[PDB]
Each structure stands twice: as C-alpha cells, then as structure tokens.
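*Asks:* The primary structure of each chain is shown beneath.
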Amino acid sequence: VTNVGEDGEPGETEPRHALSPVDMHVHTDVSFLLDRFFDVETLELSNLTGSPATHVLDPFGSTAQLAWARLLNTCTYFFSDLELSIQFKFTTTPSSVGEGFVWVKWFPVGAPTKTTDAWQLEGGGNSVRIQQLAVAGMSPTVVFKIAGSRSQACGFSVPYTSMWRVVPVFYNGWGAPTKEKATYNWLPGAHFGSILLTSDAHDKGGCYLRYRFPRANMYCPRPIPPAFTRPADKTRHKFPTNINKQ
Amino acid sequence: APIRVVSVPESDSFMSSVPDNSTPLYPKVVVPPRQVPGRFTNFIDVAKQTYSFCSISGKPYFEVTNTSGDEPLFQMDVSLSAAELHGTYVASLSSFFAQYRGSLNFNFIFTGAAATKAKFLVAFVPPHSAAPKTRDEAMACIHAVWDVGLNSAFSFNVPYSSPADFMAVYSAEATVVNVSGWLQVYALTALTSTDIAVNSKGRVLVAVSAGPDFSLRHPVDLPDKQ
Amino acid sequence: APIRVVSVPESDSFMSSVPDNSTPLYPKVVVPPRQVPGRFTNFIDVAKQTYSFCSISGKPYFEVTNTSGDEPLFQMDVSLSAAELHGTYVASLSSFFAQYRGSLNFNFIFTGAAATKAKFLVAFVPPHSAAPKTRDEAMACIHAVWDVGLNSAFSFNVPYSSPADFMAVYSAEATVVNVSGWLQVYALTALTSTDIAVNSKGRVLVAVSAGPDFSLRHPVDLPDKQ
Amino acid sequence: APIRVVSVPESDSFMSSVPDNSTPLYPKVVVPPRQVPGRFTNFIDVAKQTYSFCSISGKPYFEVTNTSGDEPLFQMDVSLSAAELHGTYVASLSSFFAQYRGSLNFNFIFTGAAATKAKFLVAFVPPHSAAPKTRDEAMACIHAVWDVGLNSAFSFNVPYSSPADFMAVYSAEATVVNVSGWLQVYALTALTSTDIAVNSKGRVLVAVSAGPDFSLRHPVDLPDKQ
Amino acid sequence: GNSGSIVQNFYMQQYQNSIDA
Amino acid sequence: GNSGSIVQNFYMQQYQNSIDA
Amino acid sequence: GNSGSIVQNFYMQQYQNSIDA
Amino acid sequence: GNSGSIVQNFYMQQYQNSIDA
Amino acid sequence: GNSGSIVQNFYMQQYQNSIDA
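Protein chains in written order, with the authors' numbering: chain W, 1 to 246; chain V, 1 to 226; chain L, 1 to 226; chain F, 1 to 226; chain S, 16 to 36; chain Y, 16 to 36; chain Z, 16 to 36; chain D, 16 to 36; chain A, 16 to 36.
Bound-form chain W, shown alone:
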C-alpha cells in the first residue's frame, strides 16, 4: 500500500489468508510477566551490634540484563505492590551457625533510621543484643532460623508505600532544591521501602533478595534496549538454543 509517512503513525499491508491468532498475545501482558519472584540484588546481613546500612528496595536501576531489568525501563512510570523472599546461601561450612535468627524488618517509604542498640536478651550470663529498630512492632518483622531449616528463607506482601501517585523511573529535573549532581534522576523516594537484616550470622552467608511485582501498572512507553551487539550485516545472530542443529 502507498504510504504517506512522516506523520508518525506506522502503516500496514495485510496479506491473503491473514493467519489465525492462538496464544492470544497473553504472554506479553505487563502485569502478568512481572508477577514472578525474580532474583534481583544480593547483600550481606548485619551483626546485631553497631550501626546499620538500611537497605532500600529500589528495583528501577537495571544494568545486568536478566530480562527483568529491561522490562521495568520499557515504561516511564510504574506502580505495583511488592512481595519479597530472602533466602541466604551459606558461604562456608553450613554447620557453624547452630541457630541464626534473622531479624528481617521491612520499613515503608519515609520511616526513620538511626539504629544503635537498645534491646538485650538476659539469660544466665552473656546476654545478646538486638538492633533497636530491628525488634518487633509497627513495621513487620520475620524471625527465621538458619539451622536445619529446609529453606533458610521467608517471604511476604509489601503494598505500595511511596507518596507519588505513581513511580517515575527516569526523572528529568532533580530531587531536592539543591540542584546537585546525584539528585538528577533521584527524586525523593521513587521506591518500595527498606529492609534491615540482623542475625548472629552476617558472615557465613548472603541472601538473594527477590521481588514479586503484583498489580504492575505501566505508563508511558519507552524504547526497549537491544541487549545484544550487532552481528555481521545481511545475516543471523546464532545463540545455542533448545532447538539449534545438533
């Protein structure tokens, strides 16, 4: 068909015996593709004592293209809940922590921080401290053991905290009246919260955070980043698949 292009809007051609659908597009559905615990991030827990580095659940950064990174940066604004599932890969001899309680405490956008000691469990001597803000209360704590536990993991819901009617991925402006190099693409708390992990462990194991993004709503499309170099002109790119040749 004769196209009078230039005015944005694409242009189709439609052959004969047009092909019937099947699959129904379905597998390309935004909310659907994003409702699955991904393995994103991975950190080191805290010793009960001393001061913590409040971890922040901001999954709008990307880079290692594990097909979840690109997908989040295909939209401009994003609004979804969250759900996590911490696990904890032992790093040495998995029989050196005969208990390991881990005070996974989640915090909502805006919750204070400064967490020094204030708790202490008294029993026959010794007494082991717990992080002040770590204890239980307002913001949901989960205590799971790292011994004999046939899955040193947990997991829960975390409804959308942030103040913004929707989460802006890439911001063009700044985050604070201190037009500073950093607050560019920052914007005050374009995120899902934090988490403080404290356990008698901290060493002898890591974690593997995870996100389940139920009710993912995406707005304002954006271009989708290639993720693979360019090949040799005229031809195909050849990745070893299920199929392949031999």
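Hints were generated in silico from the structure; no laboratory data involved. Each residue gets a CB set at the ideal place from its N, CA and C atoms; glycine is no exception. Take the hints with a grain of salt, since some may be wrong.
[To be verified] From chain W, some residues computed to sit far from chain F (all C-beta separations above 12 Å):
| # | residue |
| --- | --- |
| 1 | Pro21 |
| 2 | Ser51 |
| 3 | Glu180 |
| 4 | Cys220 |
[Stated by the list, open to error] Calculated pairs, EDC-like style, for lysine to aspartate or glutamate (alpha carbon to alpha carbon, straight line, at most 20 Å):
| # | chain 1 | residue 1 | chain 2 | residue 2 |
| --- | --- | --- | --- | --- |
| 5 | L | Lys225 | L | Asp147 |
| 6 | F | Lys201 | F | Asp147 |
| 7 | W | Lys245 | V | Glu173 |
| 8 | W | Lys145 | V | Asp195 |
| 9 | V | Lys28 | L | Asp221 |
| 10 | F | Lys28 | V | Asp45 |
| 11 | L | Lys119 | L | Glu63 |
| 12 | W | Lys114 | L | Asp224 |
| 13 | W | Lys234 | V | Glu71 |
| 14 | V | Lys28 | L | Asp20 |
| 15 | W | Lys234 | V | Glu173 |
| 16 | F | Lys28 | Y | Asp35 |
| 17 | F | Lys28 | V | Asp165 |
| 18 | W | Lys179 | L | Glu137 |
| 19 | F | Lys117 | F | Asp147 |
| 20 | L | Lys133 | L | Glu71 |
| 21 | F | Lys28 | V | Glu173 |
| 22 | W | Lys114 | L | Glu63 |
| 23 | L | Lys119 | L | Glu137 |
| 24 | L | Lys117 | L | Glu71 |
| 25 | V | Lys117 | V | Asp195 |
| 26 | V | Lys225 | W | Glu41 |
Starting from the known structure of chain W, fit chains V, L, F, S, Y, Z, D and A onto it as the hints suggest.
*Replies:* Structure of chains V, L, F, S, Y, Z, D and A alone, referenced to chain W:
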C-alpha cells in the same frame, strides 16, 4: 479432631512462578489515584502501533543511484535476530521470550530531493535457494513495485508461511524453524534528478511495524551477553 | 484419604503482622461492661478536635511591642519536626508513623492588657526563596491581617500544596517532600497601650489544631532517641 | 486462628501413581490445534480392529502338501507368550500388563496357486490330555472344516473357557490359569494341483485378530529381557 | 483489626476472645 | 486420567495445563 | 496475573494488596 | 465443653465419642 | 467400616477402592 494431611516430597522448596502470592504483612494501605495517560497492559500492543528503524549498514536507510539496476538494494534473513532487525523495538522486545508467529510490515520512506524520482522493487524470497542476486532472479517470487513521486513512502507486508505454528525469536544454524527467508528491495529503475549535479543520491527509510497477526509467546531469561 | 499439601519455603517463620490471631488457650471468659465516657477509636480524631501549644523560644507565645514593624515575628519550616511543632499533640502523634497529608490550622490568642491593641499580619511562604525577612517581602505571598481589640484571638489555615500526595512526618536535608515552607507572623502595626508605662508588651498564643483534611498513614517503629 | 493438622507417618514420601498432579510452574500456555487423523484413546481398540501375523517356524504361514493327512499342521499353547503369538501386535501389547480375558480369532489366508484346492480342518483342544496328535483324536473336540476354492481365506474364534475371570498375559510352568489349551489345524484332505509338477505346495497365513470380548487389565513394569 | 483471613473463626468467638454484655 | 482427587483444581486449568482452541 | 489458585483470597484484598480510589 | 473449633467433627460422633441410648 | 472422617473421599471411589458390577 486434627485434620490428616501428607506433604508432597517437594514440599519445603522454592518455586519462582507459583500461581499464588505470599503472606500480607502490611495491610489496609489505600493507594492514591493516577492521572497519567499513555498507559499500557500489553507489550505486543506498543510494537504493533509503532515502527522502528531497521539498522542497515549503521544507518536506517539504503541509497538509490542512477547507476544501479541489477544488484540487490537491501537483503536480510527474516529472523528476529538478523542484522537489520536487531535494533528495532519489535526485535528487542522479542528477546524476553522464545517464540513469535507473525508477518511483519515495512515502510519505505523515500527522502530524496523533491526533484527526484526513483520508481523501484521489493521482494520476499521464501527459504530454498542461496539468495537470488538480480531482480531477474528475484522477480519470479513475491514482489511489489513502487514509484516515488507523489506517494512519499510505501508499505510491504512480509507474511508468515511455514509448517510450524511458532518460530524462533532467536536465530541459529540453518533450521527449518529459524529462517523464514529474506527480504529484498531492488532498483527496478535507476534514480533520476533535475541535474545529476545537485542530486546525486536519494535515500529511503526502512521502518518496521509489527504485523497484524504477530505475537510473542513464552518468556525466557536472558542468556549471556554476546 | 490424607490431604496433599506443600509448605511454602518461608513456613515455620515468625511474622510480626500476620493478618490472623493465634490459638485460644482460655475460653468462654465473659467480660464486664464499661461505663467510662471520653472513649476513642481513632487517633487522628483527638488531634483534630484539640489544639496544642507550639513551643516558641521555650514558651507558647510571641510578643508585640511598639518598636517592631519590619522584623519577622514568628517563623518555622512547616514540617512535622520543625522546632515549634515539636511539643504539639499533633506533631508528637505523628512519629508513630511516616506520612501526613494535611493542611494545619493555628489560633492566635492575644493575651495583652485589655487596654492594648496590636492590629498585625500572618503569612505562609511556599518553598522557593530563602526566607523573606520583612513583611514588604512577605505580603506579596498569602497572608492575613488581624486587629485585636474585640476579636480576642484569631485563626489561620496553612494549607497543603505540593506535587506529592503524602509528605514526610520526619524532617531531613532539603527535599521537595520534607519542607512545605514557612509560617510567618508580622507586626503590621506596632503595639499600643493606655500608657507605655503600665503596658509594655502584649503576647499571643500559638495553638495548633490538626487541619480538616489532615491524616497520618503508615505506622513505623521509633528510631533512636536524638 | 491457625488450623490443626496431623501428618500421616508416610508424609514426605514419593508415590509413583498419586491420583493428583503437581504445582503448575508455567501457566496460560495456549496450545495450537491438531488436524492429524488416525488418532486413538484406547489401545485395546487398535488390536481389535487389526490382525498381525503369527510367527510359525520363522514365517507367518504353514504348508499343505498332497502327502499329509494324519499329522498335525499347526499347534501352540494358547497363552499370550506361546511361540506363535509372540510377534503379534495383540501379544506384544499385552506385556505392559499382567492379565487378559478374551477369546481370540484367527484368519487363514490360503495363498496356493489358483489351480489349487486344499479343503482342511482346525481344532481347539481345551487343557487336559497331552496334545492329541492325529485329527482322529482331535476331531472329537471343537473343530471346523474348511474348503479353499472360492473362499480365499477363513476365520476361527478360539473362545474363552476357564474358571478364572482373568488369566495370565505371562506364561509359566503348567498352571490352571496359564494355559487355556492348544490351537490346532489339520490336513482333512491332502492338497491338490493342476499338476503336482507346477504346484508343489500351498500355504496359508495365520493372522491374529483380538477377540470381541478380549481386554487387558493391570499395567506392570517390564521384567528383565529374556 | 489486623485479622483479615478467612480462618480466624476456626475457633468460634467465645474461645477466641472475650465477650462484653 | 489418574487424578481423581478433589484438590486437582486448586490451580485452575489455565495454570494447571495448556489449552487447545 | 500469575495467581490462579483458589487460596489467594485467604487474606482478603485489603490486607493482600493495596486499593486505588 | 472446651471444643469450639469447627474441625472437631472431622471424625463424626460415633468414632469421636461414645453414644448413650 | 472404620473410616468415619469426612476426608476419606478426597480420592473419589474409583481410585480409592475397587468396584464390583
């Protein structure tokens, strides 16, 4: 009194796609409304209602001189990881998956002087031979001819024809399911200008719109970066 | 016969906010009635239907002499942890949380001699500049003027205007979401008395009522004491 | 609040035939239609509507000369692992199981010259004696006589008669349940030809159709290969 | 209050909690 | 086929299995 | 989205997720 | 008596307890 | 016989037991 149950052997395991959520640790969190327009539910949706420039040579367009004729103008192995279809939206979307089942459309936006005419030919070569290399060989296949001058661009729908209900979003060594063929455009009439002086060459943009029957099935993690 | 089940990996873990109780180890405990009045279900409720003195300097009131004029009378960065709004009910309530979305009200109870008149001006300065420091600078913003003499106090509603649907119940380094601005009151007319002798200064109470659209969302544990 | 349950001792065990599936880790996978004809739901089905050549000597047929008479022509212990019924569809199907309850049918496709006639006799010998070895002994049992010439083949239904409702799909040392007897065919009239010269022998195919009341019950793994 | 699961009444409200009048 | 337990449809048939047309 | 099990609403949708307006 | 859970009758009252007349 | 629990038919009677005629 106490119910009787039996754990499956699997039991206390992970499952990275359990159809069912987790325990709601924070509740009653009412959420504020959203007034932003340009929202989407489906990804196919955006690549259907939107083209993207295919990368020929390093640019999104071929040339047309008054010294061509026989030679092919543009060629590429119709598979979602073939050179040209590398940078496109439609092709870059694909790699979150494993399969596609769609005929594609291309639009040829001719950009030469308004005193230029080029006339022309496109052709789809189903897989068999080893790349016809002259229209006289290619015209015996499915092709379309077009005359710039008053049009100001054109559209060609590279259909879907193959024995498999879904093909591969990933290219690999010659399979009956990788390659759907080639896409070719030819100089059915070497370009012309007011003066060969002022107007040397004409160009043409190669934009890729997702076809009207096209869809991606099966999400898949990303391999290595290669 | 036996049902088939599968434990989630999480399983035998704590959960400090599981929407669902525990096992009822004592039962049938009927409980006696309660006849005490002044009961409550909601906390916002009490801070709306009740003011609280803001702590200016160490006291809950500013002065008004017949030697003022230009100078600011009262100023504070409208954020629920700014000095003045520190001791108030409404502000102290807040810290069990993380967010607020409300415009506040203040009431100016003038306490000077009954032979004193002071006339006056209040002003709300949205965030931008660096604190106007003369009414001539401040009056170009939203302000109200009031004349004690027969009134016997006054009320000013510092609204809510900002791009975010909820702000921070905790102050911090300058953010677009911390600061909502300043609240200012001015000497639009230096105080007057029967005799400058008997009546030196007049005063005025600064009481803070929660606004009519104000609410706190998100409970949060308390950090450290600082 | 929390439900009360009790795991059976068994609990966290396997179970290689649990009436109930597993956890659906991939979902919504719509599947394409199938247009292939010659489909089946039941296996008995195919062996009923289909014969298979029984392997006598190494071939699927016996001979008929004009020098026979008394001698038996074909004999085999009617049990689904007896020599002849070894290569047949119906018998090879069987070994995925343990039991059968059916009378079988056989068809005798005579292949001798079109100038040949053979006339003849079949006989079913229920289990008792030790194999009659002359028709004069066998004819006193259930038998059928047939005359090739215009027929062009024949059919004999070896019924099911025994005290057990199901028998063994596996043969073994003489049991009341293994052996159902023998199947025998005889030369009730030694073959004849235009010339004993041109036509020496006539032959006959022994095809095995599953009976009309035949069925296999009980699937069973395969033992060793012997 | 924070008990929005449809299993909370496994133990009927007599055993669960108290009662007033 | 061998799934005669009244719990098989805990996961509705979309997630469970496939679908034809 | 990927939650096709008839147990997802054990926690009613208030505790489960959020709400808009 | 102290059995106010809606699972007590998993075992019907014949197996559960006794019977009088 | 000794099966007075309302869970015995989790596996319908085809898988459970046998059948006569």
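*Asks:* Hints first: check each against the structure and report whether it holds.
*Replies:* Evaluation of the provided hints:
1. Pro21: With a cut-off of 12 Å, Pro21/W comes too close to chain F, as the shortest Cβ separation is near 9 Å.
2. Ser51: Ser51/W clear of chain F: closest Cβ-Cβ about 37 Å, beyond 12 Å.
3. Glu180: Nearest chain F Cβ is 46 Å from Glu180/W, so the label holds.
4. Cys220: Given a closest Cβ separation of 26 Å, the condition holds.
5. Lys225/L - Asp147/L: violated (42 Å)
6. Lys201/F - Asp147/F: holds (16 Å)
7. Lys245/W - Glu173/V: holds (6 Å)
8. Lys145/W - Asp195/V: violated (83 Å)
9. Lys28/V - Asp221/L: holds (18 Å)
10. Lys28/F - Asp45/V: Status holds; Cα separation ~18 Å.
11. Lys119/L - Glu63/L: holds (13 Å)
12. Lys114/W - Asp224/L: holds (6 Å)
13. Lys234/W - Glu71/V: Holds, at about 14 Å.
14. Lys28/V - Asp20/L: holds (14 Å)
15. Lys234/W - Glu173/V: Holds, because 15 Å separates the two Cα atoms, which is no more than 20 Å.
16. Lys28/F - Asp35/Y: holds (11 Å)
17. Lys28/F - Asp165/V: Given that 20 Å is the threshold and the Cα spacing comes to 17 Å, the pair holds.
18. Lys179/W - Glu137/L: Violated, at about 25 Å.
19. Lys117/F - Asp147/F: holds (7 Å)
20. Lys133/L - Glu71/L: Since the Cα atoms of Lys133/L and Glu71/L sit roughly 7 Å apart, the hinted pair holds (cutoff 20 Å).
21. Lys28/F - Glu173/V: Measuring from Cα to Cα gives roughly 30 Å; hence the hint is violated.
22. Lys114/W - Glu63/L: Distance of about 37 Å is beyond 20 Å: violated.
23. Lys119/L - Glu137/L: holds (19 Å)
24. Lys117/L - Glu71/L: holds (19 Å)
25. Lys117/V - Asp195/V: holds (12 Å)
26. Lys225/V - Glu41/W: holds (19 Å)
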